[PDB]
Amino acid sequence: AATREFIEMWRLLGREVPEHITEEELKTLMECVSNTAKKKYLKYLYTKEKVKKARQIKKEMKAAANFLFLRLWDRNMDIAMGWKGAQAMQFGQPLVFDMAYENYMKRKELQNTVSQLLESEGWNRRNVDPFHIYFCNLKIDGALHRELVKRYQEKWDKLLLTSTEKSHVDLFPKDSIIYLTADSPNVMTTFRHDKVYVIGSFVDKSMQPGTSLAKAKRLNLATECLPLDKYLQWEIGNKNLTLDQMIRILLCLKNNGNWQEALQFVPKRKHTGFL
């Protein structure tokens, strides 16, 4: 409550701080030694409140304004994607998300990683031929598992993916594993259906390079990088693409698309165009 009074003050000072604060987010607020970190956290809460209230307002404004099937709601589509997922989990090509990076990740990065995993899995379900997604090295009581169960709620027990505490080397023949990383010396020429691709679920905004390469070289796994430059002009943009863009690229190549079709999912702001 000392800090509750402190926030009342900064609010009395007229700073960007929220109207109210909950206990658990206050206990999160005290998780920041630097006063700048507390500032940025508070501005994040303030802006959340700001947009939440703005959208409630616009919601209140709009309120002033022989079929063959009953409306095919979101649930029916979800069940159809469920059946496709259940088939993929048996005969689909494996795709691995390699956990264990929980140590290297600040809270902001861990949250954003969870968000990207949620979107990537969403795009995976809708595809015509999904991968069989593995979460390896996924600590049961780690930070990520608790956030995933928080974000999915009771969906978590029902997702059609394999979650395990084992490593990927304990599941697949080590000759067939390929660790995808932008720093690889080997350039991916073609998508190979007999190999197992590993993606590190790791978000750090390009800030500690070589982590995936270090994990790969520590073992005797094969490694590859995407041929971004060879088939696409470049400009100012990181080469580590998001998880949902990675998965939508792999899903495009898997369906026999060519490179000039697969790289459409790269953000246009990063490159001028094809060569």
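Rigid core (definition): largest C-alpha set, two forms, superposition within 1.5 Å. Numbering follows the first chain given and starts at 1. First, how it differs from the form deposited in another entry.
- Only one entry in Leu213, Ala222, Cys32, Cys225 has its C-alpha moved by 2 angstroms or more between these two forms when the rigid core is superposed, and that entry is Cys32.
- The Cα position of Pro18 differs by 2 Å or more between these two forms after fitting on the rigid core.
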Given for the second form:
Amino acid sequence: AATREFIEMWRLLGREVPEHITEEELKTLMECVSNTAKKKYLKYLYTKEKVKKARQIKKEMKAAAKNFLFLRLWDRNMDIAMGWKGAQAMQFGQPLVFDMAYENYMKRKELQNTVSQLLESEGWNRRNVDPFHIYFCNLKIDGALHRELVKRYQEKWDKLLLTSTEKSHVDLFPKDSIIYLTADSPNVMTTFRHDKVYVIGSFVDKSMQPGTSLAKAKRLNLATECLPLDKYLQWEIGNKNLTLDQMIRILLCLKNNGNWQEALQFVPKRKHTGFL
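Now that we've seen the form deposited in one PDB entry, could you pull up the form deposited in another entry?
Nothing else is written out below except the one chain.
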């Protein structure tokens, strides 16, 4: 199309536009109708090229650089040890559910961010001393989330020690032992219960539409809870919704006998001054 002409002319002006471009992202560019969307998309491409080029120079700068008990094969041993722990957790661990029913309310950017947060959350859960048993409920096959997950994990997807299913959490656990964590719940989480199942909505929701998780929970008459962020720290600025990795790390700290003043260490410091 004619978009390449304005691309080159803005590159001559250097108005925060990518140095080069590929065909597929170019078609995505003409699939942007607002000049603001095209400007934001071009800036995203521009910052991608800059960071990719900037990090390359670090390789060049690095290029300027008996009796033993064990061979230096530590990475394999850590991986195998985490695998054994995960295999045991898949049988005797406490279930934790990620609800993938929010695939409709997320745009492409929020979908990619959700996948990244899910990757980080699973990685943090694997390394723990007492991991959960992570469930991926309402994960429709060949869906957008499923396709992205199998793209990022590649062949590891078939070997991850977690249960992925197309069913719902209500179809796997008794309705009494299910607690749907959400920021809009009226009930305030007091203590971590080891006999309950906690559901975390795999949601990003940058274009804030609060109450989605609460509506989904109340539709099935499920119990709801909210973190006592307020009771333990001075909330200054920022929405009380937390990322998936922060939520799983808070739950892991609580699960391991930690107190609230220690579990809330993973809340970003830019949101609260300090504890009470």
